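Below sits a lone chain in structure tokens, taken as the form deposited in one PDB entry.
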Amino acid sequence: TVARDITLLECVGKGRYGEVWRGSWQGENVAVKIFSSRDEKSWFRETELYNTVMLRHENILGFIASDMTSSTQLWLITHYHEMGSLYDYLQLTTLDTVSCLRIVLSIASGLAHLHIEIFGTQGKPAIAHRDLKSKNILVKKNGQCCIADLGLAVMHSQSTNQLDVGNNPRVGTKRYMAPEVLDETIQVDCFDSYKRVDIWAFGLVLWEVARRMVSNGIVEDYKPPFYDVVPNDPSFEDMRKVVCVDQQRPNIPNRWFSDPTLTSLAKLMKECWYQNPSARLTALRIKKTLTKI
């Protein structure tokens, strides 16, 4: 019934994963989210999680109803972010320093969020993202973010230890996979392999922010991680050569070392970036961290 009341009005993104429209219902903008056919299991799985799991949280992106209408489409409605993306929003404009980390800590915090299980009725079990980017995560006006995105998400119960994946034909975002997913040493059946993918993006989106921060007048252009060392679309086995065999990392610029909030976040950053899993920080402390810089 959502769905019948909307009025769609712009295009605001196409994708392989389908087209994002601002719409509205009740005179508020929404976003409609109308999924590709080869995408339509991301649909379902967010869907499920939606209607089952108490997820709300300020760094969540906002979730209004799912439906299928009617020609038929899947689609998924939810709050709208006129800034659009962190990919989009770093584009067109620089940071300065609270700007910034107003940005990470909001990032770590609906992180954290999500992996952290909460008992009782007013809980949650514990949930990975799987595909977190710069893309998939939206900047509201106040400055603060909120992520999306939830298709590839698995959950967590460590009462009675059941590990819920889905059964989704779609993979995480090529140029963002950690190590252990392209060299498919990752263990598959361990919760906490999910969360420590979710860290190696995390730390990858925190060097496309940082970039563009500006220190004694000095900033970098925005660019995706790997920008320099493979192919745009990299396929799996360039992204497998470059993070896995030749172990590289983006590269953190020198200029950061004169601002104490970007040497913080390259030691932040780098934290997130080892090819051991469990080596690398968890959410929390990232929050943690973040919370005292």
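Between two forms, the rigid core is defined as the largest C-alpha subset superposing within 1.5 Å. Residue numbers count along the first chain shown, from 1. Compared with the form deposited in another entry:
Looking at 226, 256, 63, 35 after a core superposition between these two forms, you find that only 35 has a C-alpha shift of 2 Å or more. With the core held fixed between these two forms, residue 17 has its Cα displaced by at least 2 Å.
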Second form
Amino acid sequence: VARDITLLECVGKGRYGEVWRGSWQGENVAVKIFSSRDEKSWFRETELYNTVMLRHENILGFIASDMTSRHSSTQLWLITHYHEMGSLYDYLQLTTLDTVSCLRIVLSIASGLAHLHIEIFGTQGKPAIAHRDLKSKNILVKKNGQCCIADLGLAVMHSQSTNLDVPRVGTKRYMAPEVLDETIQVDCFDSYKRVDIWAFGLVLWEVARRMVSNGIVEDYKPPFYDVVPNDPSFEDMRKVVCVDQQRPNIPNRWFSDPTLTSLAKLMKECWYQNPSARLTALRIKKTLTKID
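Swap state to the form deposited in another entry from the form deposited in one PDB entry:
Chain alone follows, minus partners and molecules.
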């Protein structure tokens, strides 16, 4: 079991629980400890790795899952590979980017998101999966320059068979207009895919600001840094996105670079108020693959 693991250092804490860096047979591993209030998030994220056999170069790599439960207490561990460089959010604050490194990040995310979204058939197939909490803090930077998508505790699934949610359980800063509007068609699975594309558009913006061009770059800032306070409320986001119909502003420098200009058009096509008008994960991958 994973009782042979040494918990060295805590790297993340929050409502979900905690994530620890740990050692196991000489190798660093990440250990997510779920509080007993997140037990269903533990099982869901485990079942995707345990039963659906979720694996992809840009999805966080599962290692093991353990639950031990007495009447005294219950422990819930999810064990995955460890990524020293941390989250895309931490990375972007300490690093600038160039044409190649930026593309590798962006295309890497689009590849992981599209594999999540696309249903696969057969004995080794997978249902369509919606993340529902895409954001820079849930994307990890790998040593090789690529990224992988991490937290799947809120993901939903859809297969070719009648069948996974009630409402709005994501990070409010990244919620799409139809979520803040409550216009979202909760009964159409594509609705949740289009929510991810909105979040992915914000992450594209975050990354692009950090790509240097013509000797200039932008400090890191979160989406909507200029119009909402830290930890914005549901009403604050609805006012900026729906009523004021605000969108992250595009610096004028982006248009003097080919890469940044292509990204700008991609972002905007992820931000249409109408979800049906937004690009798909696959077409975002294709477009990104053709750049440079």
